[PDB]
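Let the hints inform the model, and build the full structure from the sequences given.
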Amino acid sequence: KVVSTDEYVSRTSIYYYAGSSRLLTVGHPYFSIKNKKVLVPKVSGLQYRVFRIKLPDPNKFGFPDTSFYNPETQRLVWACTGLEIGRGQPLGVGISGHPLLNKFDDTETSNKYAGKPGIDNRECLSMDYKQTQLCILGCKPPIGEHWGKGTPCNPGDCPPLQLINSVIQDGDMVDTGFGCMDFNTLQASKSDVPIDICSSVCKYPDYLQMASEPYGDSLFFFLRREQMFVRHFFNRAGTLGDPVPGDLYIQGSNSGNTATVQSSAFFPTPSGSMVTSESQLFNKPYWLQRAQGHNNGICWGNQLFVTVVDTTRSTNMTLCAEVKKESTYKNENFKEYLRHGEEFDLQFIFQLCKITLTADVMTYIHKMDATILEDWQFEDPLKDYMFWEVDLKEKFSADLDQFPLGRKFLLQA
Amino acid sequence: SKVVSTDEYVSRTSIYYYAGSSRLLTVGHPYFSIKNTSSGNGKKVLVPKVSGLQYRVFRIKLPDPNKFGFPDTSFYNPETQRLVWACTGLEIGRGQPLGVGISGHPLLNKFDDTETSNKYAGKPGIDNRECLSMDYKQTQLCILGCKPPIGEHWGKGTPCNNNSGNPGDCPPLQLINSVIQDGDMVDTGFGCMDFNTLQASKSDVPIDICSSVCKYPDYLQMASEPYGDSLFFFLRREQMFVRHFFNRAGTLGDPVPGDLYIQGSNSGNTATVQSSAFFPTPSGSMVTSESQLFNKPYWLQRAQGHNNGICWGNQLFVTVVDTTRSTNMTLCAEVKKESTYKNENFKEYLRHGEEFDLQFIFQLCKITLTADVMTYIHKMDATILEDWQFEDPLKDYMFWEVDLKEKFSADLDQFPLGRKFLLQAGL
Amino acid sequence: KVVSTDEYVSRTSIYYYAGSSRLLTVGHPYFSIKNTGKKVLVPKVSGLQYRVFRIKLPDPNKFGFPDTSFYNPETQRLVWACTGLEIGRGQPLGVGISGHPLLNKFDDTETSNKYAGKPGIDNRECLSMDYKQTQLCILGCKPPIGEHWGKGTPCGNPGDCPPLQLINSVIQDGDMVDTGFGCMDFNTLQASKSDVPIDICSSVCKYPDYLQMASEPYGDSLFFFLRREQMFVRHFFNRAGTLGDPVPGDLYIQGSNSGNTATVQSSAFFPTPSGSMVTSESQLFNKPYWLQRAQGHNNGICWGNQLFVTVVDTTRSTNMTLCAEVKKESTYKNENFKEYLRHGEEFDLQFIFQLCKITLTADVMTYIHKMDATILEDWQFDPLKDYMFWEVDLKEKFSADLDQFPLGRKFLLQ
Amino acid sequence: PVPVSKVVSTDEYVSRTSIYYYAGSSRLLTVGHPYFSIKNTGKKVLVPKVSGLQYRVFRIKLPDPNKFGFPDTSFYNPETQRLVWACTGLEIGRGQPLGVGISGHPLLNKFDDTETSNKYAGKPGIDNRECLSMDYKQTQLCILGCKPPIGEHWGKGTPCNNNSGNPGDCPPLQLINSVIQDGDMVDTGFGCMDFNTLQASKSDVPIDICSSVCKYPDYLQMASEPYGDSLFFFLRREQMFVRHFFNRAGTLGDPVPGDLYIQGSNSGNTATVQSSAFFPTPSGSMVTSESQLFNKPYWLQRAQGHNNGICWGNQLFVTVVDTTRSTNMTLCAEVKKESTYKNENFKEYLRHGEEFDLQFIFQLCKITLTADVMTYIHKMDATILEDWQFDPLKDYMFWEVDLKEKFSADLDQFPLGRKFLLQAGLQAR
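Residue numbers (PDB author numbering), protein chains in the order written: chain A, 20 to 54, 61 to 178, 184 to 408, 442 to 476; chain C, 19 to 408, 442 to 478; chain D, 20 to 55, 60 to 178, 183 to 408, 443 to 475; chain E, 15 to 55, 60 to 408, 443 to 481.
Below, in silico cross-link-like pairs of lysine to any residue (SDA-like), each with a Cα-Cα straight-line distance of 25 angstroms or less:
no.: 1; chain 1: E; residue 1: 220; chain 2: D; residue 2: 269
no.: 2; chain 1: A; residue 1: 384; chain 2: A; residue 2: 399
no.: 3; chain 1: E; residue 1: 354; chain 2: D; residue 2: 214
no.: 4; chain 1: C; residue 1: 355; chain 2: A; residue 2: 212
Don't read these hints as lab results, they were simulated from the structure.
Rendered as structure tokens:
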């Protein structure tokens, strides 16, 4: 029914290079600063970077010789054969926190009876998140999963849970150790997780669903490296919604310090441990020899999506400005800010391909994505989504050895 | 009267089929089930117990190939032969991110911290239980077979004969073999034992196992079974270390003998020995991508036993333990909306989700039913011949039933694990 | 001149399998418990013990072979050779802990220890620890030999430092492995009984004298060995008691009374060990080991129809907490419960043996008589009874049908 | 055929025979105190200082092969040739279990813990020294040569044409080379320096090095020596991390300049800066079997330098550092037996033991003494020719191993000899 592109896409020996040059974004690691207009965007090492790469239409490309294909019966398309995801900045680890995190007691070694909550025991705590590197390559944007609030099927009842699929947009937050969930709707107090995710949605890639799509336009390939361990053991203030059933313990004696049980609403903090050079997924070329799905790297619609998560460069810079210059130090004379910067350099190598548009081939392409034939001459549904637009229309070059990944292609292949 | 490889009487065809379960989901409470305590019956389960520390035991049901609508049935003779599926490939898919969950007890029997400083004063009192938590021993495993897997655990034994029997004597210990069901608890760092009967206070281990049985797979026994129906193969990866050093309140049942220490001087803080009922807390350390046993295909080339991947009775069992995704989600609902924060305005809940996708590749097999072969199969399992036309003892057990009757396909390259098959075998 | 057994022992193509079936022992991890007077009700069973199995093989010269035409009983004798071995281990991976309710720890000397305070009369504390992690297995036809430090000859005041002497001995089943405090006779070299935890504080901790076993001429003790040890220093303490060797004055500028420092604190430091993580990938057991070429001249020949398997495996040292109810009441009271500790070790020994023949010429009979005269005497052509071994009888357990058993299917592939 | 103006590999003038010999030391044992020697209280030693943090420098003495009782002397011509041993294999045997010892100082100059909380203020006072201990940087190494190894360490330099230096000024530093002797201390995490001269208070490092020199091998220098007699080969495995963050008491000699901070207020806790004389404690982390350099044979195929394993002067030097078996044993003796425990009734001691077994395989070589060779060897070391008939190292301390009466041709009678006959593809004579 669905076939590999190898049966209807003819490969040429024409290769082209394209590079984005330096890409930079600088912002605040925890929240955007709105003063709804954005003066400082939210820029964090815990964000998905989803690049929408724009390719020149090869059927309208200023080819110097157009005698290799026949516009009467054939059309051109680019296929991706190589990719290098460049990363600037040193390796480093950032930290996130909440000035009013709902931590009550430390339950690791010493938590004797007793001490009941009271009105507000929130504390000012921070942590380092779960370490994640990942890259996804495809010609349609990737699909993630997260837990959201279900249908009502009472005030303070546990919300029903539902697994949600969505397109991963640029700026979405990756999971951090507290799971892939919509914190804005499932944590009402805004105090159970750090402020950079407490009103955000944390998404994890739906690798299983993307792998099982028939055409395979979302996942040509992927790399991932996750790690975390549990750094501290806490519990929550607030009323325990699901009290421990009586058959799981012998109750304490009345008129005894143990006769009202403490909350078993435990929660861990995560930690990503070390970041290392030898673990890097980036700054090294990856050659697509054979995709996992039926789309063997064909960039339908003359576009390509590169999804990147890299927490190994998440260092948040401390900036300090002087309010009044005086001969002795006073805290009131200085203001403290946080800024984060991410640096990328996307390099690609593309292969020119031609498609003979017989009767059977045009039917198959129409069933796959009718917009492919309509664009070939033989509004955009993604405009509601947020992507980092990379325009490579005028960036194609045929002289590969002028550029880093092209010199590597002329050797490594 | 000799057990032989299934290769001696089962012929392989070149017919291969793919089957996939699609996404499998369960959501629940990581420590205990919630069962309509007020306003109804005890049995009525509103929220099941779902924890990354549980066994997932899938009973996969295959369509009967002798009744399957094959497009060409000229490869075998129903007059003299019967068909059976063989497992050649398997991918255990896992959704959800890697993560680590935490378990605890609001009244855990921890007395003193015995790691660095534990000076003499020493007598516990009536109730010194604390609200403590911990992260468990990390375990990954997968076992594949056509009969359910067998575990081991320690249970209360029977007392020596003509031997009493005073209350509070140390319980007799007995190693018990049993079938591992879906929802059984894996060992967590405190061993494989029946905590319900061997720990009477209900307070010596966290609440998600303190009334459970924690089982460990009896790999040795499954391997030494003559036919090898429980163990086609297995992968396992365990790790833990000791994070903290505690001791117990309560009377020390076996006092330290006097030849092992010089007693302290009376009228001195050392005149009554502290409890040497020590216990550690475990810790599973990091979870990493490179350690994963899952999300990658495994091909049965040669099973360890005599059953070389033959799925007798058109069923197969896939056993999984995966604590590398045990993150417990914190849910918080608002009781009253107010302009300032008050603890009494919010309720805290815990929920855990497990995501699976099981993919298989099966090879069609035919069996010529000669006189010796029917005799052999009858000794092995007479119910095999009865089903072929030539109640179920597993109905008391709990399995995650996966019905693949309507899920078999001959178009292998339409599916992920099938495209991968077409590269490996070179077909 | 000692020669390899390859020069006078002929190999046949006859192989046999033998398995012990499941082996279980349960006990108290720290000490044995006696009756009601002299009796072991609960043995001392600990993940820190050597397990030394004495495997008894059927005499092949008296064995009921289905075919006895491969050798000449007038001029030849039979003996077994070990070619394969799988040391099965049940029970989950885990770490147990040991301690002492009256451990001689004084101060924590890691980070903060200011000069305030004269030691006193009795400062022992109730502390525990995780031991150094050790896996090993040694295979031979004579029991293995260990090393440990013991009390020497005095050559003499009472509190003087005991003289040290390195002592060799046979490693018996139930002996304690080194734990991080060294291989020494703690019963004699630590008089207070409080400097190390109670499960070794009156025991002898032995380490295998690998150097001596390898350099013995016949090589009957060590066909091969595997070992994997690891530990780090978890805490830094010092001792109470009078410091026997005071620090010489040329190593410091003495303190003043205004600093409270004019009496030095005890520099009898001691670390606690820690074995760190136990992992699946580090395991020595539950996988076959094939003897192709032994290290010594005895290439796996089981003289006397016996084989010794020495094992240490601390990676399954979990100590179970058992809790019994004295009185059932509706509320919790500590006095209603008694707390116990139990440990269980599960083994399953599988072997594959190769039948061998020896032509008993005059030279060979001369050589074998020089090596061990009891070999010829038993062929018709026990000083180890004072030692404690886990006896494993395989006389009635040999089978020629190799593929009926786990290690026999694995043998038929490799 | 060997030029006098240039140094050449020994392969150009040393002929190898097919004669191989085994020699083993058997068990080597030393027991002592891990921190200091215990004397007789003029200067006689009752218990030596024995520590896993010491260099073991073995001087192995071989039989002169020109005077050795060979059964058949027809493989060379004593009229025109002389014999010398070449080392082809080595196994450094190590007994005792793996373990880690700890060192300390009852009066260590630690003031505050500067890792997490060190608030203002805190008055130094006259004496704040504490009783602290630590585990040292983990080090394994082995070096083989026919001359003793050369170490490096920092010492007090000479102050020339300038006597205007004040008492308590920072001493001038100078990198010093020396022969590493048996019993010298390896660096522990505080660097390779002469602590006796560069740390005057005697309290800034633990007592087992505070009046010692910690030396590190000058690998770069030994490798660049023309003849290469000190370095046939070497193996090394070092590791450490920072366990604690402390600072020193005493006056800070180099105060932090004012352009590096905004000063505090005079009537405020901050107007006298605390000492930024920081110092870490080290930690060697785990010791593991999989990391061992020893108890495995090492075969010399081709040395890095020009001396390709020739044992000139019929001697060999084996240098070993192994902190992976550094467990210090706790010994406790009873002063008075009483029915109850009293601290005063017991004495606490420390003892450390090191166990070795050195095994070698030597290859016999012959040297045809033509005119060019005699000139070449005379320029290299005239004592070689003089001993052949054709001392200065006794001021240094080495663990002397006499193997004169220990050579054997029956290679397969011995552990390393069996290992040699397999790696060489030989079958026992």
